[PDB]
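Asks: For reference, the chains in residue letters:
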Amino acid sequence: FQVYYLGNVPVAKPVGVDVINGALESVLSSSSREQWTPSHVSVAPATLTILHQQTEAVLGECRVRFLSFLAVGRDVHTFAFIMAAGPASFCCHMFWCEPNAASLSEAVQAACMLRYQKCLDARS
Amino acid sequence: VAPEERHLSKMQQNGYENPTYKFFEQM
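Order-wise, the sequence lines are chains A and B. Numbering of the first sequence is given in the deposited numbering, commencing with residue 543 and proceeding in unit increments. Numbering of the second sequence is given in the deposited numbering, commencing with residue 667 and proceeding in unit increments.
Bear in mind the hints are in silico, worked out from the structure with no lab data behind them. Do not take every clue at face value.
The list that follows gives simulated cross-link-like pairs (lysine to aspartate or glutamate, EDC-like), each with its CA atoms no further than 20 Å apart [said to hold, decoys possible]:
#, chain 1, residue 1, chain 2, residue 2
1, A, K660, A, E648
2, A, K555, B, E683
3, B, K688, A, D617
4, A, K555, B, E670
5, B, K676, A, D663
6, A, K660, B, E683
7, A, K660, B, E691
Restraint-style ranges between C-beta atoms, simulated for each label pair [unchecked claim]:
#, chain 1, residue 1, chain 2, residue 2, range
8, B, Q692, A, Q544, 35 to 45 Å
9, A, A599, B, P669, 32 to 42 Å
10, A, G628, B, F689, 36 to 46 Å
11, A, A599, B, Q679, 31 to 41 Å
12, B, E671, A, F543, 12 to 22 Å
13, B, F689, A, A586, 24 to 34 Å
14, B, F690, A, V600, 30 to 40 Å
15, B, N680, A, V585, 19 to 29 Å
16, B, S675, A, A649, 11 to 21 Å
17, A, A627, B, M693, 32 to 42 Å
18, A, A664, B, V667, 21 to 31 Å
19, A, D560, B, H673, 19 to 29 Å
In this text, a Cβ means the ideal position worked out from N, Cα and C, and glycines have one as well.
Extracted from the complex, chain B is given alone in its bound form:
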């Protein structure tokens, strides 16, 4: 598993929730 493919599969499978929006949301 190349370094690309690991981060890449996660980006596809899970994506990424921006903690900035989740932070500024709680308040």
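Next comes chain A alone, as it looks inside the complex:
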């Protein structure tokens, strides 16, 4: 079906379902569905690229090695991941997924798994 990019917000910690549900509640409170940006995520072990639906304009690109955490929200449509934007600086990227966030969350976990193996292969 369809993914919507909800945007991103700073967060205080690199990990935690509490942190991502906090971020999702803030963003959900301050936007209406009409404002949500239709999009899709190009997932690779190196990077995730968030692309606008028709135009394919780049809305973000995130390196998988600095993704610290990801989760599905308490509402099953929600997906979020936390990026270590810097050593002590964390940014949460959030999505609404129809029919639910399962396939996208699992793709992004899979990128992290393959990227991690690369890190081990690099130093074997």
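Once you have looked at the hints, place chain B on chain A.
Replies: Showing chain B alone in chain A's frame:
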């Protein structure tokens, strides 16, 4: 418990810590 719902509940309850970041962090 469908195959979806098991992985799905874990994704909600626990999420997932990227071992790449945890690896590259220790060093």
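Asks: Next, verify each hint and record whether it holds.
Replies: Okay, the hints, checked on the actual structure:
A threshold of 20 Å between alpha carbons decides the hint, and for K660 of chain A with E648 of chain A the separation of about 19 Å falls inside it, so the pair holds. The straight-line distance between the Cα atoms of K555 of chain A and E683 of chain B is roughly 12 Å, inside the 20 Å bound, and the hint therefore holds. Restraint check for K688 of chain B and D617 of chain A: the C-alpha separation of about 27 Å exceeds 20 Å, so the hint is violated. Taking the CA atoms of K555 of chain A and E670 of chain B, the gap is about 29 Å. The hint is violated against a cut of 20 Å.
Restraint check for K676 of chain B and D663 of chain A: not satisfied, since their Cα atoms lie roughly 28 Å apart, outside the 20 Å limit. For the hint pairing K660 of chain A with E683 of chain B, the CA-to-CA distance comes to about 17 Å; that is within 20 Å, so the pair holds. A threshold of 20 Å between alpha carbons decides the hint, and for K660 of chain A with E691 of chain B the separation of about 15 Å falls inside it, so the pair holds. The hint said 35 to 45 Å for the Cβ distance between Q692 of chain B and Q544 of chain A, and at roughly 39 Å that hint holds.
Distance hint check: the CB atoms of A599 of chain A and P669 of chain B are about 35 Å apart, consistent with the given range 32 to 42 Å. At about 18 Å, the beta-carbon gap between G628 of chain A and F689 of chain B misses the expected band of 36 to 46 Å. Our hint of 31 to 41 Å for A599 of chain A and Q679 of chain B holds, since their Cβ atoms are close to 35 Å apart. A C-beta distance of roughly 18 Å is found between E671 of chain B and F543 of chain A, which places it inside the suggested range of 12 to 22 Å.
Look at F689 of chain B against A586 of chain A: about 18 Å separates their beta carbons, and that is not inside 24 to 34 Å. Checked against the given bound of 30 to 40 Å, the beta carbons of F690 of chain B and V600 of chain A, roughly 25 Å apart, lie outside it. Distance hint for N680 of chain B and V585 of chain A: a CB-CB separation of about 21 Å, consistent with the stated range 19 to 29 Å. Between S675 of chain B and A649 of chain A the CB atoms are about 18 Å apart, so this pair conforms to the stated range of 11 to 21 Å.
Take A627 of chain A and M693 of chain B: their Cβ atoms lie about 19 Å apart, and the range 32 to 42 Å is violated. Our hint of 21 to 31 Å for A664 of chain A and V667 of chain B is violated, since their Cβ atoms are close to 38 Å apart. At roughly 21 Å, the beta-carbon separation of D560 of chain A and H673 of chain B lies within the given 19 to 29 Å, and the hint holds.
Checked against the numbered hints given earlier, this structure breaks hints 3, 4, 5, 10, 13, 14, 17, 18; the rest are met.
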